Structure formats: C-alpha cells, structure tokens
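The form deposited without the ligand is given below as one chain in structure tokens.
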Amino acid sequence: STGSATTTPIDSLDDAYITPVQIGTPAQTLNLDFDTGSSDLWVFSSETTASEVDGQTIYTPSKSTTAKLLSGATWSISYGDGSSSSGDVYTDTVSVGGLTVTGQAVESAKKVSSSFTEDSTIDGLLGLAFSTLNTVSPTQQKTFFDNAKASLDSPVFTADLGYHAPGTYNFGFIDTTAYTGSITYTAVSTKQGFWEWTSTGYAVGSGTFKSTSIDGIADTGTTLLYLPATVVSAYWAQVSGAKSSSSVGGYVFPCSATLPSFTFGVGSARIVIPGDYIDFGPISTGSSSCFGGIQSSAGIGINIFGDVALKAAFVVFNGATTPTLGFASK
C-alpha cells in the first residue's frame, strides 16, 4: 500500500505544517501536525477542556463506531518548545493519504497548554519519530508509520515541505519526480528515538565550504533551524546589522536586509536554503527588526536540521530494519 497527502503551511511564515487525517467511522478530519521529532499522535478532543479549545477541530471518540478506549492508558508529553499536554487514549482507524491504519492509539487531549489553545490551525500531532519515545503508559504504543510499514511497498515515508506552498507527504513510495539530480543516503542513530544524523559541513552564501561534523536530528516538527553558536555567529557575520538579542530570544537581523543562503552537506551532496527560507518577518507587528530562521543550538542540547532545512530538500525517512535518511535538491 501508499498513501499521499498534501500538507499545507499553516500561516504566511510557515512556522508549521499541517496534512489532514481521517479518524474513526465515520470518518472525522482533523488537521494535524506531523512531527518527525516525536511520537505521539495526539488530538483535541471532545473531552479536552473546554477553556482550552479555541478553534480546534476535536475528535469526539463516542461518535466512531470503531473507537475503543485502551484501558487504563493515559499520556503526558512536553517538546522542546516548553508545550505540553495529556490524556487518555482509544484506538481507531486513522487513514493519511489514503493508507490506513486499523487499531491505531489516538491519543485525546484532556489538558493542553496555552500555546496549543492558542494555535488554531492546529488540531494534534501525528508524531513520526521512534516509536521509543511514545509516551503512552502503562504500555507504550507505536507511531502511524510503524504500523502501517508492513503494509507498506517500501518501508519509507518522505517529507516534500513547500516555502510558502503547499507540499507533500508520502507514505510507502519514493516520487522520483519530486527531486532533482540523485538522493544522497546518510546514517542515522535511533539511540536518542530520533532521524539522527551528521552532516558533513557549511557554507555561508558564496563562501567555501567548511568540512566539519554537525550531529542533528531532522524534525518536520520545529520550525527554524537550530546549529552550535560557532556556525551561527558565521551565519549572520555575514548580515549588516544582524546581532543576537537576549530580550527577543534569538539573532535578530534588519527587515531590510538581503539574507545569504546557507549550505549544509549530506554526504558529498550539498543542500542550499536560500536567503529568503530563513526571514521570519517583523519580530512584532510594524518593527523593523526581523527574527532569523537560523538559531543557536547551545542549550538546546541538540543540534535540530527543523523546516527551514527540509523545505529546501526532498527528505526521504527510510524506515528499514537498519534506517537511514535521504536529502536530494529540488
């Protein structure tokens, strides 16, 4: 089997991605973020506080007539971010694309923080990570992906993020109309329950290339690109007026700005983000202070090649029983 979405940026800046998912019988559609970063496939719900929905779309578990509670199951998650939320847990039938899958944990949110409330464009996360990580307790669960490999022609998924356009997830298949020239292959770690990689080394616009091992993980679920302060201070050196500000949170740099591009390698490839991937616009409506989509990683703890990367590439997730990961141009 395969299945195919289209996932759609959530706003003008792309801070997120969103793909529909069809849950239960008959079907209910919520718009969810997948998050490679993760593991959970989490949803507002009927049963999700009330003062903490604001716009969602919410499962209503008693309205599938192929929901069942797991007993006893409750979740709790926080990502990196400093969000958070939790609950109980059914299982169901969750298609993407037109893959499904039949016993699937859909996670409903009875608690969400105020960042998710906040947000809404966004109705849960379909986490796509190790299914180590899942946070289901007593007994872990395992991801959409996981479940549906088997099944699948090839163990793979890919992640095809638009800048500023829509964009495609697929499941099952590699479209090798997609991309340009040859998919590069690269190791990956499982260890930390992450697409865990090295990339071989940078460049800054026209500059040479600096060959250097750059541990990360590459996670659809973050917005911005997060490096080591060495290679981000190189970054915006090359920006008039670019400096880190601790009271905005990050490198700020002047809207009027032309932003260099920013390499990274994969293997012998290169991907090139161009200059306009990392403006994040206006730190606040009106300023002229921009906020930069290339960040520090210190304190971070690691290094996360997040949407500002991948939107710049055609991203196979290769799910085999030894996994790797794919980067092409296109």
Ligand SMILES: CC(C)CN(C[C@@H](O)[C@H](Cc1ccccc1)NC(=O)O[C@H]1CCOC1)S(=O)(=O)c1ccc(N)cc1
Contents of the next structure:
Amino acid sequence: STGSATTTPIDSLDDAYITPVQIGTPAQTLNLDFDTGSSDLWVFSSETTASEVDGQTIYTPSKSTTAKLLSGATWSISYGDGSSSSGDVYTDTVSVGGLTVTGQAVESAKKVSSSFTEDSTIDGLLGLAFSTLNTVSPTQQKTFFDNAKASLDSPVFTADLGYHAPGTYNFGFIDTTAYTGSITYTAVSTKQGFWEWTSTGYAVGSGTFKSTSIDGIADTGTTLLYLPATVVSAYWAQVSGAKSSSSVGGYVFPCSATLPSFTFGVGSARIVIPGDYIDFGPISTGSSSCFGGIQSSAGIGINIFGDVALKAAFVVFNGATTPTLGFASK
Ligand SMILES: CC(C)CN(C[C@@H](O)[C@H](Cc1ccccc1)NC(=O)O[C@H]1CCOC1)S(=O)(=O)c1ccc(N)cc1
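Counterpart to the form deposited without the ligand, namely the form deposited with the ligand bound:
Expanding to the full complex; the earlier chain stays at the top.
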C-alpha cells in the first residue's frame, strides 16, 4: 500500500504546515501538523475545555462507530516551546491520502495551552518520530507510520515541503520525478527517539565550505533552522545591521537587506537554502526590523534542521530495520 497527501502553509510566512487527516466512521477531517520530532497523534475534541477552543475543528468520538475508548489510558506532553496538552485516548480508523490504519491511538485533548488555542489553523499533531517517545500511560502507543509500516510497499515516508507554496507527504514509495540529481543517504541515531543525523559542514553565500560535524534532528514540526552559535554568527555577519536581540529573542535584520544563501552538507553532497527562505518578516506589524530564519540552538540542547532547511530538499525518512535519512536537491 501507499498514501499521498498535500501539505499547505498555515500563513504567508510558512510558520507551519497542515495536512488533512480522516478520523473515524463516517470520516471526520482534521488539519494536523505532521511532526517528525514528536510521537503523539493528538487532536482538539468534543472533550477539550470549551474556553480553550477558538476556531479549531474538533474530533467527536461519540459520533464515530469505530471509536473505542482505550480504558485507563492518559497522555500528557510538553514541547520545546513551553506549550503542552493532555487528555484521554481512543482507538479509531485513521487515513492519510488513501492510506488507512485501523486501531490507531487517537489522543483526545482535554486541556491545551494558550499557544494551541490561539492558533486556529492547527487542529492537532501527528507525530512521526520514533514510538519510544509516545507519552500514553500506562501502555505506550505506536505512531501512525509504525502502525502502517509493514503494509507499505517500502517502509518509508518522504517530505517535500514548499517555500510559500504547498508540498507533499508520501508514504510507502519514493517519487523519482520530485527531485533533481540523486538522493544521498546518511546514518541515523535513534537513541534519543529522534531522526538524529550528522551534517558534514556549511557555507555562507558564495563563501568557503567549512568541513565540521554538526549533529542535529530532522524536524518537520520546527519552523526555523537552529544551529551552533559559531555557525549562526558566521551567517548573520554577512548581513549589514543584523544583530542578536535579547529582548526579541534571536537574530533580527533590516527588512531592506538581501539575504545570502546558506549551504549544509549531507555526506559529500550539498543542499542550498536560498536567502529568501531565511526571511520571516517584520517582528511586529509595520516594523522595519525582520526576524531571521537561522537562529542559535544554544539553550535548546540540540541542533534542529527545521522547515527552513527541509523545504530546500526532498527528504526521505527511511524506516528500514536500521533507519537512515536521505536528502536530494530539487
Ligand atoms: C507542537 C510542536 C510544533 C512542538 N515543536 C516541535 C517538536 O518537533 C519538538 C522539537 C524539539 C525537540 C527537542 C527539543 C526541543 C524541541 N519536539 C518536542 O518538543 O518533543 C518533546 C515531546 C516529545 O519528546 C520530546 S516545538 O519545537 O515546540 C515548536 C513550537 C512552535 C513552533 N512555531 C515551532 C516549533
């Protein structure tokens, strides 16, 4: 089997991407944030505290003939941005672009934190990291990909995110028309539960490529590119007037600047992020100070290859018995 679904930016800045998911019988369609850096599938629901729902589409398990409460199971998650959610758990039928899993754990939110309430475009998360990070207690649950894996033609999914445009998630096959050149595969460590790999270096604009190992995670759920402070300083030094602002929370730059590209290494291959991909616009409406798309990972504890980097590539999440990651230019 295979599946394919279109993923769409939530706004004009690519602040996140949403993908339609069918849940239950008859189907209930929710727009979820596919997140290769977490492992819970959770949704806004008829159980969510009413004051914490503001425009999201909700899952109502009592209207689904295939929903069954998973007795005694609860879940509670806290994310890297300080947001959180928690609730109870049903099993139900879940499909993504034609690919169906029966008995998927659907974690129904009873509480969500303010940043989820305030974002009316995201109805939940669909985690695609390793199931070792799933938070369901006392019986841990599997991700949608882990449940589908054995049925798929090949045990893979791919991410092809667009810059200011829609893109595609495919399950079970590699679309060889979607990239240029060849796919370079690189080794993965699953010890922390993430798609964790090692980049071979970087360059700023047309400058000299620096060979240096950069450990980090491939994360569709993170908007920006978070890298070591030495690397990020080298980038922004090439933008006149750019500086790190403690009060805003990162590097900002004059909106009048033209940004250089940023290249990262995958083995001997090279992925080029165009400068325009690194512009996230005015810090507040009407401001001439703009927020940068490359930021320091200091204080996170981990480097994160988020959407700013992933949308410049065709990315293969290979879930063979020894997982790997593949990157191609496009
Ligand atoms: C709800 C999603 C988006 C949560 N984030 C992305 C996730 O992939 C996030 C990535 C991450 C991993 C490790 C350390 C720090 C961050 N994983 C995460 O925290 O995993 C926890 C829960 C399970 O085990 C560990 S985010 O980083 O908070 C974020 C928030 C807002 C924006 N605009 C962009 C990113």
